[PDB]
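Participant: So you can see what is in the structure, the chains are spelled out below.
6 protein chains.
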Amino acid sequence: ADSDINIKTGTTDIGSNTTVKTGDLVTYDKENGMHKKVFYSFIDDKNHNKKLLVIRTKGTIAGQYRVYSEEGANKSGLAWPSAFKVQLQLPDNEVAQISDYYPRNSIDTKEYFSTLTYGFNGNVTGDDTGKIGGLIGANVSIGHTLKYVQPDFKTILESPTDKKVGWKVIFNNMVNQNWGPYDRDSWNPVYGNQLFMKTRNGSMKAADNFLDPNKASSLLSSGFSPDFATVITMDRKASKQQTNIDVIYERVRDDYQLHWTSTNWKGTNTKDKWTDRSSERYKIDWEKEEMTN
Amino acid sequence: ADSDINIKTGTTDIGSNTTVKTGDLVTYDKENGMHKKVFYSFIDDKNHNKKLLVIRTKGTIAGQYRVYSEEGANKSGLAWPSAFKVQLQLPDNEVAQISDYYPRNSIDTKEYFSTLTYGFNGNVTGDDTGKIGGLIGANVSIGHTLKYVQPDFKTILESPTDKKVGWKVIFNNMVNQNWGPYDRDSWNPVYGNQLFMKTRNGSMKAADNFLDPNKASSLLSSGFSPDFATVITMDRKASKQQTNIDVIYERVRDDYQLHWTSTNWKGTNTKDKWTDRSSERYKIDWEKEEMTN
Amino acid sequence: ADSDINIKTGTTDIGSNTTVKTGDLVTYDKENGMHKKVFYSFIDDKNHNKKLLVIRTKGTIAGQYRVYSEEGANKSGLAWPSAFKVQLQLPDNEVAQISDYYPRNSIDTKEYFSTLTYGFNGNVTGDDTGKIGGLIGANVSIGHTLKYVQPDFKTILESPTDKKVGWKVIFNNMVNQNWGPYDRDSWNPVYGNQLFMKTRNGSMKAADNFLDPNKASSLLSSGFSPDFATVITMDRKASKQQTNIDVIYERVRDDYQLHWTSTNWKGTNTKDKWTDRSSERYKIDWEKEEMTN
Amino acid sequence: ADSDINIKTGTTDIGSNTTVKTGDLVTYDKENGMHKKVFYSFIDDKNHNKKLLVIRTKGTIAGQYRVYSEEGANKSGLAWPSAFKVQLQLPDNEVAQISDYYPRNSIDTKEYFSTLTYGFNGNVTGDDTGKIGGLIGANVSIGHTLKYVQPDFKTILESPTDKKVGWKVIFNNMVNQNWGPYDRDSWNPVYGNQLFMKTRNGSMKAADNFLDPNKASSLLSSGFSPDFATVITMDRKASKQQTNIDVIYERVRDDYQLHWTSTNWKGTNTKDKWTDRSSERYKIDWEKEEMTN
Amino acid sequence: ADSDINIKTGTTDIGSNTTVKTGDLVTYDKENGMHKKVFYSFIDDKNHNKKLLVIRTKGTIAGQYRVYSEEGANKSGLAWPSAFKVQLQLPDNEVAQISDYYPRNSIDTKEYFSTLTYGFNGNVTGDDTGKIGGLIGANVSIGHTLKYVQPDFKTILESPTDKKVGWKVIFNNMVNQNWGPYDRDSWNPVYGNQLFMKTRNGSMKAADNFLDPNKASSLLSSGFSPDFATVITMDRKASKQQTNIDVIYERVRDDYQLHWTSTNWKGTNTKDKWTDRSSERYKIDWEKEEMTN
Amino acid sequence: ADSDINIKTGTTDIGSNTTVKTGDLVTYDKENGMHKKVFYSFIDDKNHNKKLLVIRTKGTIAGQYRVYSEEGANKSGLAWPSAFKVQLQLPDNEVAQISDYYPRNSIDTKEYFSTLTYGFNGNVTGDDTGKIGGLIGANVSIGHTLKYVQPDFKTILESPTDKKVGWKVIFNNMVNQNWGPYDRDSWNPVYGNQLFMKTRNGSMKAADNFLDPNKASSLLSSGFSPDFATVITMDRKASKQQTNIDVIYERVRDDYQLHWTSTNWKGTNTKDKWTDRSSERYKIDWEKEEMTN
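Chains B, A, G, F, C and D, in that order, are what the protein sequence lines are. Counting in PDB author numbering, the first sequence runs from 1 upward without gaps. Counting in PDB author numbering, the second sequence runs from 1 upward without gaps. Counting in PDB author numbering, the third sequence runs from 1 upward without gaps. Counting in PDB author numbering, the fourth sequence runs from 1 upward without gaps. Counting in PDB author numbering, the fifth sequence runs from 1 upward without gaps. Counting in PDB author numbering, the sixth sequence runs from 1 upward without gaps.
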């Protein structure tokens, strides 16, 4: 921080004594169930070597966790979102550049416990018959415990360039009725992948043996709301002061099936079965300081 | 955060050098037990590409946790709120759009502990006859503990569109006298669903074996107070500057029944038995900057 | 928060550039042991569609925990506060409305631990007579732990309407000398309800066997200090600009009896035996911005 | 909080555009070992319906933990502070009223853990004589752990009226050299009350077997420093604009006695054996805005 | 802190009453997969004895966790980033100097638990054949537990000079599907280094038995975003007011190889196999207050 | 704090309404590997009885952990930093004085847990031969656990005078691959001091059996960055308004050696084997308010 290097807090920040122009653009993709919103801000700070545009991609991508197929009361399929993505990209010829973005990837951590225990113990015995016993034993033990926190979905910044940047919010693992957690590769010889399995031996229809969406991550059904920031810089001398930028909102769905094996339910999961993409092109005008679609 | 992208904090926010018009609208629906309040704010920031309206839906929806029927000291039923909802909807023909909302869905997390321990141990026996013994054992154990916090109710943002948005605050699980927690599906072969059961063998009227409301989640009886924000944007060039919007407050009740088998108490719960819906239309005048009903 | 929807913090609040008129009104009800204080504030913000009055009910209701009954050396009774209440009410012929209140009901939570542990272990034996013993075993163990924090009293907002609002701070459960906790229904076949029982077999007068107030929640004796806010809105065009409002401070007391049973003490608790109600009418003059009693 | 009811923070607070007059009055009572200090502030805010006076009582009351009696090397007594009190009282004829005070009583909490564990385990044996053994067992258990933090002294707001208010800082319990905690009633058949017992059977004089003051709560010896605030309101139209108020600082002492039983030290504690009271009258002049003694 | 030495906060910071010149410079290195961004700030504060330039190196270095080799179906290698580095260096002939930098190295800590437990116990036995028996045991244990937090990567400031400074974010250790953690030296006689081994006995080809990147530190694949700051000072009297500086972004990759023994999978890791170096020369002009590349 | 004594925050602090002159002085000692930086500030506050100079000693001293000798494959030595020091001293004849400094020594704490557990257990046995067994036991246990956090290095303020002040950051203890912690006196009869021993039995060259620096405290290699402040006061009437001050940056290295015992590695540590001192003289001119070297 500025204070760490003996400089007045905020001394190096951009934006002071500058008139900032903001805007809001909303688009609803019915087919893809995506409410997409861009909130932008043009900052042309004259004490800065470039014009700046901050693009905040928000809105909400519905989850759409849903039983889609059902062939027999012993077989059914469930579609669920294994990944949500937001990506922005400047066409090859553009002179403006991706300069910054937030959030970024943070370094995870874990706590580790190492334990060593020494012990001795004696023991004198007897009986109503006069006999007397004796016991002397020792003991040692080495314990190791690992502790780490894990979110239902991980928010990752995709390797950016000066032309593109993106974020993917991917399913990590999830608790199923106080068990697991489970993930896309969880496997049990008897039950297979129990990720979204309600009962193991329940005797009901297949379509009726999936975890209640309310008892699972809310992003799976109701959805995830992007809140990412992208900073584009533009030279004041660039010959062309109009820039196009394409934005993609995407949902990748997995296929989780449950079938009855005469004795119990067994679950299977196939990755990236379906991909839903919604694309929009925005026109950036650095002279009028407006963004449109 | 603005500071993460080297921008002066607050530089991109809307509302400066703007006169904000606010207002309060209260409606009480006695039949449905709902105190409904709208707190709105028109922000027509000329440096923003559109007019802005912030609609805050508050007040509170009574829980209405009560014994509604009773067919003898052996049977009785209890109605309880399994869900509270608030929805805002713009008629499809409106040019105005839903642009943002808060709160949204947050990624849940959990703690995982994996432990591995191994030890050795000596032992020497002996009796007053000169006999000497000896024991040598070793062991290993693998253990894993899962930890996660669970609210009694979950606050969820439903998949919004540019015309409708909503929230649902649904019953999750609950502690019953230091045991459980229990949920809508909890089932015991002997007692059934004990969620709101006061005693297991209690020898009293059935209408009196329901948990004391003071010992259960306060939202079940006294109620929940919505505190949601919805932002609507409007083009300043739109020919028609009046917008209608409907707001619905809702309560979904389950049916928890208790009957005396002959040896103990057994509980059962029926989902979404009743739905109380209170709707109301408001008129948004973007030129006068006022909301009415 | 305003920042969550890209708006400058505070942009939406009421009160700026407004002269606020405040007042203090204190009333002491000796018979009911109640110090009742109203702190009011008139906010007539011309950019808000209505006049506002914020009423803060404070002061403090004495607890009055006491050994009031002494029927011989084997019987004695203790009166204690199981609930404290504060209620505000507008008459039915009023155009003014209850618009907001604080605090409200919060969603409680609980932490849950699920553990699975298994292990193996060898074991060879031998005595000074050639014999050699062997042992091989395994083990599995499932365990779950429920953790939840519990306040001595719970502060609850009762289902409000546009004419009435209220809070009740009710006894939840309490620790009795490093044990329990106990509540209004704790029942032990031998000692009954030990909520406020000092000793179990002590040989003293029944009146001297109650828990020292200094060792129980301080609200039980010294008392609870309300700190609630109610906001009332009034249309500036309504014919009458005067409003009456009744405020009621209330204390509900239980009766904890202790009796000697030949060998030890046993306790019983009777619910809501007494109710100390203290009401007062206030006049609100919206034109002079004064509140009086 | 004001933000909870959509009002600009601080809007309803008193004190703006007002000249506040403050003062310090210090008194040292030698016989009672009490440094008494009053810090006052007159706030005559013209947009508040009454004049206000904030009286803060500070200073320090010496603990005075000390061996007062000695009867040979077998018996000795120690006087210690079990309570510190501060009270303010307006004569009954005064029109001025006590309006608020701080701190007040807060709701205490506790943590409760409920645990259930399942357990199964097999086993096989076989000596060198070729005979095979076996063993199959199961197990189950329930555990409860209560956790709660306990201060050495509790700060309590005594039930106030519109004429008097006070606080009492009472001894709760205390750790004695890692043992305990112990309180005023602690009892052990062998040693009695070990609250301030240095050793259980040390060979020294009684007057030398009391716990080192440095190893016990600092309030017991060096003392307690009150930091309470009392708010008094006054009608501006009151004919008489002078007010008298008495302020009392107090210390209540218990009697801890030790005596050699021939085999070990035994402790006894007598409650409220001595009370040291220091009262002083102050004159409040609401017109000159000064307090004097 | 300034408050610690009785000085008004910020009193000694640089930057007040100074016009600061800032700039952004973005460069994308396709061959090396690096988005490089320099955000600079010239602060020529006349009450400071020298000119100052704050250089912040940001952007992001892709991780590039990939399967580069595959000699058959039973042997494949994975290239992964063991270190990310950012360095700045002023030619040795420059009069300008590196003055400060952030972050720096912080002192690590660890928690230590030492336990001593001693116990006693008895046991009285008796069989239906009138036989009685006793049992008296005793024991003592000494436990020791070590707790410490371990980031997947460590951020280290390399020993700087007045001409060169750098940081290195090096792989520390990581959790592999709840096991481990593992590091570059982890070794098992059976499976070798299991750092990125998906299965121990799977029958898939080698190239398909590497841990899925989504289940490993996100810096390994998507990458790390540098956020370092360097402060350079310059004498205002210096004859040459232009300075060259080289900035180097680097990625060091290890080579983790898997091969099927015939019974299971065995992994090995080769350190610093490859190094990707991306260097760039910037021109600093202290008179014009701009940086260019 | 000021607030604790009813005084407006910052009222007693120095610096307001004063023009502060600051400066940066950088020196790099190549032979001792020390980047030395002084950031100073002259504060001549006219409402303060003396001129002040705040000197902040920063920069960083390289750790320099390294294999210095390799006499054979069974013997090798390692040099490492056991202490880092920064000292300032005013010559005996100087009238200026050391007045304050930060950080200072903080009082350390530890957590102590004392436990007592007792219980009972019955046991009924029986077999096919007809036998009927029985068992009754009792048990008591006393456990103590000590918990305390320990930094790898301690930062200590050396005893200052009005002419000298200093800080020493000394090696405390350190975890070695999950074991230990070890310190400078750690000793095991078999392996001796395992402080920086990589493997106990490893069959490689001694020069290759030292802990990987990345797996040890970062200060050991990359170095420590001082961040200390000392304030010097000067009488405005002192005849000589020039002051000399000498600054020392120091590194003290220990010698850690490893030799092969023909069966395993054995570590040894020799204290303060080497000392690297870098001294610098600065001239303080209180009239021009500049500092030079």
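Careful: at least some of the hints might be erroneous.
No distinction is drawn between identical chains; accordingly, a pair holds when it is met within one copy or between any pair of copies.
[Unchecked claim] Straight line, CA to CA, 25 Å or less: simulated SDA-like cross-link-like pairs of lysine to any residue:
#, residue 1, residue 2
1, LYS154, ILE132
2, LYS283, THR129
3, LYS198, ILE142
4, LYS164, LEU135
5, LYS215, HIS144
6, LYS205, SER159
7, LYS271, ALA83
8, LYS273, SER16
9, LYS37, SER114
Source of the hints: derived by calculation from the structure; they are not laboratory data.
Participant: Broken hints, numbered, in rising order?
Facilitator: Of the numbered hints, 1, 2, 4, 6, 8 and 9 do not hold.
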